[PDB]
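Below, in structure tokens: the form solved without the named molecule, a single chain.
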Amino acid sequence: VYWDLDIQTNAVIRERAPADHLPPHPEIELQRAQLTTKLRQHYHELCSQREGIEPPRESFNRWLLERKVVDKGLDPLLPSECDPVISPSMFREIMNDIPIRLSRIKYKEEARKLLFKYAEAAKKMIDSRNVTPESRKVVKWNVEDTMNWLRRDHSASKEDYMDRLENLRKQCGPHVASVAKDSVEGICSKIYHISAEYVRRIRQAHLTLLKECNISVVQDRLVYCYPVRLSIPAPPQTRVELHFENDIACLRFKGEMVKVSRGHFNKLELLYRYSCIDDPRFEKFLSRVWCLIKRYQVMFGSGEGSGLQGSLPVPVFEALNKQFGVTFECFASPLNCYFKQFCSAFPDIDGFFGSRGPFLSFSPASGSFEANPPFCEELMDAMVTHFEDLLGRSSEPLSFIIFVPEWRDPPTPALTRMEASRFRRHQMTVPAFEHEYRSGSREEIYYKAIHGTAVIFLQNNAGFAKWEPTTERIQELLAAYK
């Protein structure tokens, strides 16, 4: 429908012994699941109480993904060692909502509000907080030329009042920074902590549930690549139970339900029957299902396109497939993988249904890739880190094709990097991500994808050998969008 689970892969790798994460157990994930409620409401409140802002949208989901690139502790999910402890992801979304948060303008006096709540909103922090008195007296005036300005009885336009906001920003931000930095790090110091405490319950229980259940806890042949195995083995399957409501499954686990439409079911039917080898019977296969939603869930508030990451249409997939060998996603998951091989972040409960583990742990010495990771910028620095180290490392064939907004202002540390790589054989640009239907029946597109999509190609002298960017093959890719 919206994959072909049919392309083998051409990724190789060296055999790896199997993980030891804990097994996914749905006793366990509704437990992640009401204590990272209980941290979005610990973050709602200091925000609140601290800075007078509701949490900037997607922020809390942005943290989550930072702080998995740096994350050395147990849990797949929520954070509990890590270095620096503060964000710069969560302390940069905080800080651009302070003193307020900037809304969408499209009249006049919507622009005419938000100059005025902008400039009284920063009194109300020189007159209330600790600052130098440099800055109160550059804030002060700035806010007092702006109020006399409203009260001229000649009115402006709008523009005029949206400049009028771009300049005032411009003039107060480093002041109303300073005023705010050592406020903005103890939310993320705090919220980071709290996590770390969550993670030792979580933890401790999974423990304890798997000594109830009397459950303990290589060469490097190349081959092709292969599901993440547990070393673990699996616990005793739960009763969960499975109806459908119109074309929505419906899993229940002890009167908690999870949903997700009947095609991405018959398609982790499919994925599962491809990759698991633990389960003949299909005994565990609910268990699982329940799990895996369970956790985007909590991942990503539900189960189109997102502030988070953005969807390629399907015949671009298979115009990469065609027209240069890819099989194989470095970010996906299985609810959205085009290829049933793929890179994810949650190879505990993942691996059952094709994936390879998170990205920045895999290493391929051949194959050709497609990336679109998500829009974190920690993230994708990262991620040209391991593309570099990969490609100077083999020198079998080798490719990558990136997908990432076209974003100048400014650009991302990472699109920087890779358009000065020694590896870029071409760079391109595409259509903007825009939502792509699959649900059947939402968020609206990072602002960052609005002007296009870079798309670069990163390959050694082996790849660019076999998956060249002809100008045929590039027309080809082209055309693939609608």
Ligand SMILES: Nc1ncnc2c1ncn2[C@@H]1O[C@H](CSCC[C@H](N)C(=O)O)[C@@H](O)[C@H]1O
Contents of the next structure:
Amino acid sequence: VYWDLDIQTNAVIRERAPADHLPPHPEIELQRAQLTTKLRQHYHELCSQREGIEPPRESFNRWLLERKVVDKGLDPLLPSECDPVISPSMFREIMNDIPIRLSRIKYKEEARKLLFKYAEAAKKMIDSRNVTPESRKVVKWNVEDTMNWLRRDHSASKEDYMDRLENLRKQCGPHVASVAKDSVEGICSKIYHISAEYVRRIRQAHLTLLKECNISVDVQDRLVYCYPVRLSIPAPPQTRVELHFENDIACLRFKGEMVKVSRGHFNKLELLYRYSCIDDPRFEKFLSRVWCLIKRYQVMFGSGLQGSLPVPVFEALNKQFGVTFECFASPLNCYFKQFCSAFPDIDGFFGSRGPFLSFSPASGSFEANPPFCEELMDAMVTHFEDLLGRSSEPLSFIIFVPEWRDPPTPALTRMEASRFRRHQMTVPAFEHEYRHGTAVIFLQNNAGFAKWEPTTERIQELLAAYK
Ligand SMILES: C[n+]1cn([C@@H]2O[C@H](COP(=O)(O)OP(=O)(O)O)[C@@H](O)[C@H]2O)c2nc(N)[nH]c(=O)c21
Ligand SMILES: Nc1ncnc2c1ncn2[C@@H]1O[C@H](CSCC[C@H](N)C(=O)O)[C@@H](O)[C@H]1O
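So the form solved without the named molecule is up there; where is the form solved in complex with the named molecule?
Next comes the full complex, this chain leading.
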């Protein structure tokens, strides 16, 4: 019991026309996977060649999320038409690992080595690259001073080695960043432009496949309860996908390419499909779409960027606050059968109402636990407040985000200043679920505060769901 797919939605939206996404097909999903692998390899080579570092961990996945906040292009996963070209997310993260990535340390001798590795790398940067005479002398001085200190006979403690490195980095940081800035911007641009070329190839291959199937590629303000995203383009025929089970693992094979998912999740996807898909009454296309679904989420992750809430917390949210809907989810991790997700082209067959920024409820009770992408969280807040002020009908959002204070993130700062905030608290931090600290913000309008008020009792039952 990791989900409850019997709960009915209370989200109300304007009736919307079916979406224009090209319907998914394993041939196209496999090509997207192969090209995304190549794109990750291009990113690895650029970081190595231009800055002598590994790609910052999780930065490519966070780049996919930031780019989709502004992407206007045609791929459901890779970006291709973004303003601005340079991602502030990828830029931030690469710069933080220049001239080296600071790693975790346990031992006095590991802190000593890291302080030395940093000083050596900063020197090599100054010796080999274009730098102003002002920046050159500041770095060179700090580096020689650190080497003179390490040259002393009597040794210091682990915390002194760590403090020394912190201070050296505060001093050299700005100078090192000015030396690498144009180079790092060039990595951000180049990987964006390679992505755009891959998107164009995938798009042409997908259009050709529909033409081969003789499939052609070319509404009210009435309120309705929400429903899954529908595609206007007819889906292509099922392809041959084979299924067998192996120690409670579902194994789906398309043309020699295997994907795996647990039996429990497979059975859940079968139920979501029954509740959500309207074009496949004999399940002819079901295994083709499950194969696409698993492959797409494997490609997205590349096999630390998001948390999940315990089941009893979702139970409390539904019982105490009438929550029926997840603003950020996937068919694999959702608790409810209605949710928003990143990939409407494939997730709609399993209950997705599409990406959250494109979803406009006039009323309902919602939970939101976004991935750890600062730009997405900030757009999420802008969207919240736009919806809360466009509707007088009961509307509530209970939001879970990490308590980032050093520095604060704009989303959390803006939510705390919101005229819609009814309550805020701190709950246990996100832990790994088997299926810092967490800020919980209640944003409601007048009618939402009236219907689902955060009273003392209801707050206690929610807190009890962790205990
Ligand atoms: C700990 N932390 C993580 N982020 C975001 O997450 C990215 C990676 O942050 P990190 O500290 O390099 O990695 P970790 O969170 O996996 O330990 C940053 O570039 C920010 O976008 C953070 N963003 C802000 N504003 N404040 C924080 O304290 C903070
Ligand atoms: N634009 C978008 N709209 C909705 N969900 C998105 C999204 N971009 C990414 N996501 C999804 O947001 C989820 C965050 S993890 C949240 C897990 C669980 N549903 C919970 O609410 O606790 C991930 O599944 C991620 O893929």
